Every structure is written in structure tokens, then in C-alpha cells.
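Coming up is one lone chain in C-alpha cells, specifically the form deposited in one PDB entry.
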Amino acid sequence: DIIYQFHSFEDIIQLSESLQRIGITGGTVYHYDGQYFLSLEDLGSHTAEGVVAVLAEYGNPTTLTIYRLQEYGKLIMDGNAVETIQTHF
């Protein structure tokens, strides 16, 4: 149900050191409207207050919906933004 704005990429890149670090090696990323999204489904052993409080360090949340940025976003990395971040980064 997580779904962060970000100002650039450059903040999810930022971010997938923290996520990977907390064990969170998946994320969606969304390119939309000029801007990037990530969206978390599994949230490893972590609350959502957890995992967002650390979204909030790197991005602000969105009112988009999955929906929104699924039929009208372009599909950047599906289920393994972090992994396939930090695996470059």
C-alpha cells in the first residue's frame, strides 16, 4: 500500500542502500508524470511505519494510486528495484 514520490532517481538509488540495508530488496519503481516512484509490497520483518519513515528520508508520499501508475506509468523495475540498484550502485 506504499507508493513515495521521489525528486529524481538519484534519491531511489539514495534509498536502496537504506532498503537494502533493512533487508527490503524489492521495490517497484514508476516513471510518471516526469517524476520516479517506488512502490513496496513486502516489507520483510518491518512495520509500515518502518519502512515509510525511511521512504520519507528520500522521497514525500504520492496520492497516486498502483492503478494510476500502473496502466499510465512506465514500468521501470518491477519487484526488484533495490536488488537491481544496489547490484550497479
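Numbering follows the first chain given and starts at 1. In this text, the rigid core denotes the largest set of C-alpha atoms whose superposition between the two forms falls within 1.5 Å. Compared with the form deposited in another entry:
- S45 is among the residues whose C-alpha shifts by 2 Å or more between the two forms once the rigid core is aligned.
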Contents of the next structure:
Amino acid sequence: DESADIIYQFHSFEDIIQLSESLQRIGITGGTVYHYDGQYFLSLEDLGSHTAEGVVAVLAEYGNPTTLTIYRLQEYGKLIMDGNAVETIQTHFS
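Hand over the structure of the form deposited in another entry; the form deposited in one PDB entry is what we had up.
Chain only, nothing else included.
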């Protein structure tokens, strides 16, 4: 695929609350959130290349792409929101 899996690192959950609204505007409604090593990770899978770029532009304002792999987060991290992150958050903070 030229389809993209995107995992970003955020110092706090607040970063994911704030960007959540920007993601939904550009048609992103899912995402999985992990907690690991004192930080939050948002994972988004199977993005077309255009939205992948739109998405990386939102996330870059609040966090950094990560070196950690999806195996490490899943196996050793803590699953916070399983596949529905942007809409679970928007329920509350919108």
C-alpha cells in the first residue's frame, strides 16, 4: 500500500483532547489511544496519502512522531481508547 499508518507521541492527554476537533473536521473519526512510559500515543491506520498528510499537519502541532512500534504499545502499553478515539473524545469535549 501507499496507505499510511501514523503513530504520534504526546506529553499529555490534553494534547489529544485539543487536536481531536481538528481531526474530526478533516473526516477522521477513529484512532486508537495508548498510554506508555508516562505518555500518550495516538495510532491511526490505513490512511490515504492525502488525508495522511492533512493528519500529520494537525498532530505535528501537539506532538512528535514516535520511534515506538505498534507491537510495543499493544503488548506493553495500556489501551485507553480502542479504535474510536476522536469520536469518544468529541462526545465529551465538544
